[PDB]
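Work out the full structure: start from the sequences and follow the hints.
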Amino acid sequence: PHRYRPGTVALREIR
Amino acid sequence: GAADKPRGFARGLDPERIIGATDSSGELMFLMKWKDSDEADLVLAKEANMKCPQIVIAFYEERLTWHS
Amino acid sequence: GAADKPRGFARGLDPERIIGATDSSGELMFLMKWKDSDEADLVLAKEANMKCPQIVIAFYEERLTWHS
Numbered sequence: 038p039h040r041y042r043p044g045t046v047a048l049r050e051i052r
Numbered sequence: 109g110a111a112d113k114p115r116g117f118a119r120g121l122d123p124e125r126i127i128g129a130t131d132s133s134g135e136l137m138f139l140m141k142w143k144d145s146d147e148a149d150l151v152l153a154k155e156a157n158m159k160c161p162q163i164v165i166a167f168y169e170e171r172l173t174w175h176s
Numbered sequence: 109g110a111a112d113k114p115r116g117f118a119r120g121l122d123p124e125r126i127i128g129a130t131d132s133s134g135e136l137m138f139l140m141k142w143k144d145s146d147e148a149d150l151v152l153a154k155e156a157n158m159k160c161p162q163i164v165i166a167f168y169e170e171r172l173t174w175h176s
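Chains as they are written, first to last, in the deposited numbering: chain C, 38 to 52; chain A, 109 to 176; chain B, 109 to 176.
Keep in mind the hints are simulated off the structure, nothing from the lab. Honestly, I wouldn't trust all of these hints.
Calculated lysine to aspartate or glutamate pairs in the EDC-like style (CA-CA distance at most 16 Å, straight line) [what the hints assert, rightly or not]: (1) B/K154 x A/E169; (2) A/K154 x B/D122; (3) B/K154 x A/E170; (4) B/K143 x B/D122; (5) B/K154 x B/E170.
Sample of chain C residues lacking proximity to chain B, with all beta carbon distances greater than 10 Å (derived) [said to hold, decoys possible]: (6) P38; (7) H39; (8) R40.
Cβ atoms here follow ideal geometry from the backbone N, Cα and C, with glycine treated the same way.
Right under this line is the structure:
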């Protein structure tokens, strides 16, 4: 019931 | 049932930290750890977003990845 | 330079959406699009977290990605 998934915030460096 | 246990924010505890996230149900939810509780539980992200925005931000900040 | 004011949040505009991000200086910054303005600005993430947390959340939510 308390499983959770692998998740990230996918950013792209501007520089 | 009429007398179902309060869940999530309805329990009246202070949020501490989000442990994890999932969108299984088609709604995004967080596994929330509460202050002085050993009993984490699932809350809607839209609810966490309003009631503890800095906790939601801290979760995402911990999981920034730079693809480029 | 000293005369490059006002910039960012000091322009007094309403934040519309974060459209980019950078870490090149050591501190996380967001490229902020302001409501009704063509010119996006760099703002400190720490300032955005304070001033427009829901905008910050919306940005992160859109870029949340699951992995396998």
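Results of checking the hints against the structure:
Pair hint B/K154 plus A/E169 holds up; C-alpha atoms about 11 Å apart against a cutoff of 16 Å. Proximity of A/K154 to B/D122 is assessed by CA-CA distance (about 22 Å); at most 16 Å being required, the pair is judged violated. Of the pairs offered as hints, the one joining B/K154 and A/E170 holds, with about 14 Å between alpha carbons and a cut-off of 16 Å not exceeded. Using a Cα cut-off of 16 Å, the hinted pair B/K143 and B/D122 holds, with the two alpha carbons roughly 6 Å apart.
Restraint check for B/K154 and B/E170: the C-alpha separation of about 19 Å exceeds 16 Å, so the hint is violated. Consistency note on C/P38: stated as away from chain B, and its beta-carbon is indeed over 10 Å from all of that chain's, at 19 Å minimum. For C/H39, the non-interface assignment is confirmed: its Cβ lies about 17 Å from the closest Cβ of chain B, beyond the 10 Å cut-off. With a cut of 10 Å on Cβ distances, C/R40 stays outside the contact zone with chain B, its closest approach being about 13 Å.
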